[PDB]
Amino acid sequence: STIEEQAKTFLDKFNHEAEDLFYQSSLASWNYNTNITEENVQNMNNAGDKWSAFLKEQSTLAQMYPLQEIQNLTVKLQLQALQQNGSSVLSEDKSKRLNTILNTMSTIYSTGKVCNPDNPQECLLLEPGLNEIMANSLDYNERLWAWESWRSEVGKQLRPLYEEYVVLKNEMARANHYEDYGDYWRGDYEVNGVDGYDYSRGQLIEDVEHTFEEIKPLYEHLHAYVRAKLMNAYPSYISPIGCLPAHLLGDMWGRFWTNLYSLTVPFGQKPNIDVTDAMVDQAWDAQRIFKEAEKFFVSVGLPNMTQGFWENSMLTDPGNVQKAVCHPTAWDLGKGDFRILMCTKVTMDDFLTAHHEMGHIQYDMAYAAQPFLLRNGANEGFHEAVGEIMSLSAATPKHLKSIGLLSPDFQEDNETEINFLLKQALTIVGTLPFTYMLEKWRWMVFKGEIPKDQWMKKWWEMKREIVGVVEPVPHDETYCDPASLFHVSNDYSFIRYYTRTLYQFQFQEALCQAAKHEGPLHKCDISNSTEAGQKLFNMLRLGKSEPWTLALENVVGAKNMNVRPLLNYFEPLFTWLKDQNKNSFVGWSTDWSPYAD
């Protein structure tokens, strides 16, 4: 009949065929990630590729139905998603070649190790070893060496490939009627039809840059603070009005200043907010941990974990004999099958993680009734954000008491709170300019705005202007530092880490208001608050189904991304920082360097 009604009768065969064929690949993938065998890892490739095959088939099959002559949105969404040429739109060479570039980068990044000039017989890779140095070592040189080696050895190797990469990928991107590969990624945030809730691949950059401004005041102050705190650690190496030497920021890229805590702590005299001690004392085990996380969700009006979750999941490492990969993950296999893989140790960190990952699970269930193709967080940012709110509520000293982990009569020094907040900032706020700068440069490369021969010039020009950091050694085009970082040299949009990060505040906020929370926004725990749950679940149950803008509305009552909630969460820290910076200088010279002596 009508192309609409006859498309409905395509998606319907697609869902109930994809669902199963996907569950094939999941069950495989799962076997492997848990009983790492050669037998298993091979199965993980059978249904795995049978999936990619099944897809390409149905992709080109779905092309048959004209994007144009449709109107049941839901269907238009699904079809759109499925009709995704991607690789097809290219040649045969200029497609397998791209594919080549990718895998090499991936492996060289994973397989790259660097060699100790002072002892050539020992040479470690990024993780651990290098990452270990960057996180811990307080030796200017030791640090400078790791940072440089990496960007110099594997940095340079990747330069040519990355140059070739940007072309074929743009070629790809432009072919599907996009302004550039960047325009392809921004694509994720797009919405059409649906008046009042629209969004275009421009509206993003406009909104990111607008939002990123209001952060600056906060940023520059945190900056100013750690700078002075650092001068003390590396006396003579730092300028009191300069950028921060990129190799002194606690990790390899300075993506997060977390590890700088030991050096920047406001009140080093105050101790643990750590119940790892108290948990093991009350003889808690894996079960107790998750059974608690379970309780937490139920508390706000959400469901118990499924019987299948308990009897199928893996909450504990089997040690040896059966070796397993332990990165904590939630699994939405389909067919009502929800699982966590977590090699649990009775630690606060893990306890929190369990609240995070079980959050993803709860989302995964919420949107399960949606047709297969619509099962997925509103945008790339939504799922990680939901995950993160959970650790927000669980980490409050309030929740920790009302559970018997935090000793009854412990009070909150405004100093322990400033401690904790700084802690947060090092991570949540440090990574933001870092992020936004990173994907700006990437964006601009794809918009053809950075010439091959001025790639590293423009990188560091922006690290200085935007992020307030500088290179310990100067770097010509022989290098390729942006790709020194996983996400970049492994073809992954990084901007998600910016938007998620905003959302996750807009969320927790909306939810506390609704849970009626009285203290500073950061003292908020949403437990026992069924009223708040309802409001969350309102976006949760949607999946990719409604536009993300609507999805956001359901929770925070607004149609767009707002940073105010994030700044609120940093009010008591922000003011305290303006104080500490009384006599400090706030801002930086792009001009100063560590080097040239």
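Numbering follows the first chain given and starts at 1. In this text, the rigid core denotes the largest set of C-alpha atoms whose superposition between the two forms falls within 1.5 Å. Compared with the form deposited in another entry:
A 2 Å or larger CA shift between the two forms, after fitting on the rigid core, occurs at just one of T329, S262, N116, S493, namely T329. Once the rigid core is used as the reference frame, the Cα position of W576 differs between the two forms by less than 2 Å. For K50, a C-alpha deviation of 2 angstroms or more is recorded between the two forms after rigid-core alignment.
Residue displacement note: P433 has its CA displaced by under 2 Å between the two forms (rigid core superposed).
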Second form
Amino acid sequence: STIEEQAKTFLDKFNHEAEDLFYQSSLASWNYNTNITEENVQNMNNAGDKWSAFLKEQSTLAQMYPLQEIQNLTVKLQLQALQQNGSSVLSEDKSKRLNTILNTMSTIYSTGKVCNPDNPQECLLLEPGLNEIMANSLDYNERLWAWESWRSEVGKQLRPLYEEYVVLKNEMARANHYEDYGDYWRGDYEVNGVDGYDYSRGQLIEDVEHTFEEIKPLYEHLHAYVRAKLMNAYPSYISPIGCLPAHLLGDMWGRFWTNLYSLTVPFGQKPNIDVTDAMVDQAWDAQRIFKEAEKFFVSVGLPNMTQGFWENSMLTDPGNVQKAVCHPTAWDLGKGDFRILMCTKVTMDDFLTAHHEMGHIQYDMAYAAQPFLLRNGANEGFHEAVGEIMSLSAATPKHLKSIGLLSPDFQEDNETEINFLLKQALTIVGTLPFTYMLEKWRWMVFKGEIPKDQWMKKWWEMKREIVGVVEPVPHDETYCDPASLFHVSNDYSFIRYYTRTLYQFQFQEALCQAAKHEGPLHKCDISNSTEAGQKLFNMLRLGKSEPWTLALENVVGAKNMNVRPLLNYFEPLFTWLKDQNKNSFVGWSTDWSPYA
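Since the structure above is the form deposited in one PDB entry, I would like to see how the form deposited in another entry looks, so please show that one next.
Keep in mind that what follows is only the chain, not its partners or any molecules around it.
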């Protein structure tokens, strides 16, 4: 037997065992997420132990077969993937310690609760107690309370754990010959030896910052407009030259400004492009929402959900009896098993999210036939981009009219257009400076550029300088405000939410050309265009058998992030903002703060 014949035999063995074991583990994980009980946690922990041990041993075996002696590229790719050491480089004690730190941080975040200063017998959690305050409260003091209580009760707990987390993650990353843990995270975009399609880990920083430059003016004008309208809603609390207070941005961190639309809508007289009221008036429930999403995906030629999807998915909150992890998630268990977990509410946010998660599922179904390790998105941002282009078409007023959430006698005009673009900007454009700034702070911390005694110093400086947001209360180094967000204290890389946003508009531009769309890009809906569906499927079915650069170039004819489609999307709103801000100040001073 040749080296490659042995490799083929091994990979068939590994794939069979991997499928069966991964299916079993995902069943345990589903049980825990749908039903939070100690027994279910036990089973999931043991499943995870087995999974990681399996992958360690198979990676060790796959080390035998040298890549240079392998000529089959599909085989070579699987081998390349299976040969990465990962976290196995740490000692058993150190690896156990790091696992315990991650578990502790997760438990702290999920069980974290704050109690009212007076009558401290009744307390509030993040989900839902504090989240609804941050989303709907119009009281400066109540919002500030929720923001500061959450960051003090929970962040200060995570501060020492985060400190050790940095050391141990950096040790693992450097042991795998990465510069730091941030470099290890940037590895996701790396491409090697593909004859001009290569992409280096250092290149991602340059690309992110170069595109953020072009983002900066549109964000500045959106920011100035938002600041003006926030003064109308919190009188005496906002300076017309200052940063925005961090507790008045519509959620617990200002990650999205979506919830500000009601305070910032430019033309209230025109009919509401937020279709929540229409959905409620028409008595929509989660079944209706998901059937509508299924109908959308069929209209472009894609398969509708399997019977197993409608039998096994969890589309509503089970009740007070059993708790669940209500983070919207699209599950690909293998063996033709696809599910969605979403505690679905009758809102536009959940209508668009349903479309997004079903996009994840359509991606997964498309690449099901690939080998195990290749049944993945091309990079960490490809899946998010895939879901986001679905919601792009779903949010358009033309689409809402076609499904009846706008009246049949509804007419687009430049004002409703401005409303739509502003609401889009609040989510999409608002999240970019936030996401770039958070990931940059993490990257610098991992690189060692921010000493511990300056962590909360630097972070807030960056928040003022880049995001244009200012803390209402001064925060010393007892705090860990970044860790007060799920993704930071649960060890998720965050830059994907930046790269997603650029990919999405590139995909949308391309698909709309496939649908022969005439008009501005922001009027485009791909419904009923089996051509666009086909174009997107040709990339979806790839899995990650090809590097992300080539997979992108197959749909959009570009090998990299491009920011131009995003700007073209928002160009009319940019113009309108520039005119609306002609008397306002544009920019902000890092020196103004609420407390001083």
